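Okay, here we've got a single chain as structure tokens, the form solved without the RNA, with questions on binding and movement later.
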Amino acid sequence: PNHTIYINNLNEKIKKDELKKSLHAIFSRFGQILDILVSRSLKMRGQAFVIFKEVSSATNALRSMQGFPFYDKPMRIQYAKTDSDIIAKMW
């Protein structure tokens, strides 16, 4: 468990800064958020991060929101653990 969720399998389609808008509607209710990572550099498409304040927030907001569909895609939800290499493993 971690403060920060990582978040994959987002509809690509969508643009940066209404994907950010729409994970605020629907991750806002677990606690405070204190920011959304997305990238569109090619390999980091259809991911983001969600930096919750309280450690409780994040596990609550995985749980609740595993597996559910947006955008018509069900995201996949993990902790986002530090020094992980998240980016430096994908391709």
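Residue numbers count along the first chain shown, from 1. Heads up, when I say rigid core I mean the largest set of C-alphas that superpose within 1.5 Å between the two forms. Compared with the form deposited with the RNA bound:
Shown in the overlay between these two forms, fitted on the rigid core, is a CA shift at residue 84 of 2 Å or greater.
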Given for the second form:
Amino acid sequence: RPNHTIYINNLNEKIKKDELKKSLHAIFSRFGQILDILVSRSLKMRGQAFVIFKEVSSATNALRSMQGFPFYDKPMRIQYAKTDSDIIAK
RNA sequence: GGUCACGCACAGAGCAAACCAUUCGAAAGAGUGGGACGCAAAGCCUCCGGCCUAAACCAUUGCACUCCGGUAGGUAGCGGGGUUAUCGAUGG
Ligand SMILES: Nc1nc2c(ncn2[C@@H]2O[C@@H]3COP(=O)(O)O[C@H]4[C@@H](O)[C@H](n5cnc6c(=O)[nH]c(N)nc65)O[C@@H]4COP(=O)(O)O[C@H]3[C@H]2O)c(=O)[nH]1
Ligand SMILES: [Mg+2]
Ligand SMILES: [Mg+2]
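Next, give the form deposited with the RNA bound, keeping in mind that what was shown is the form solved without the RNA.
Full assembly next; the chain just shown is listed first.
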């Protein structure tokens, strides 16, 4: 089940697209060298964000730590992505 | 000469993009002053599509890498259409 990418949801939708990005960068670069962190507030993909890592070990490292984490007045919910990013799917 | 189309001109006259100053706005943006990229309606109207915005209100717990909720504002200089209008090539 493990993956390069981790899926977080139940985040605060009020937070700006670009603010939410830089928010997660400093808090998750604590585990690896993040490739890219795709987020949008579009109806389907709002309140949620994907974290693409260079190492899977670093993604696993980040996962088994911060589940249920209060972050911008909201519990954070980590779980691996099922299908990788187009940057990794090759 | 009207009416409706057309724009290769004359001739007069009209707005005014970027930028900057300043105010209103969360923002997109708009207003005025300066400025002139262009414009045959770059006069005006959000009715049809698109794009830009997302502060609040309701909507949503959602696995993306075409994008994509409502609502609301914006854009007429994004097209579409409605309406008003100037010149008049021995002009069609
Ligand atoms: N009086 C009058 N003359 C017309 C008309 N249509 C064409 N012309 C003449 O033919 C030229 C070509 O017009 P254009 O290709 O649309 O190209 C034009 C046009 O796109 C624009 N322009 C100039 N004046 C105006 C205006 O008052 N309103 C608008 N919307 N555009 C203008 O600048 C360009 C060159 O300027 P011009 O010296 O006017 O150059 C014009 C003008 O001399 C019209 O409806 N009325
Ligand atoms: Mg002229
Ligand atoms: Mg208007």
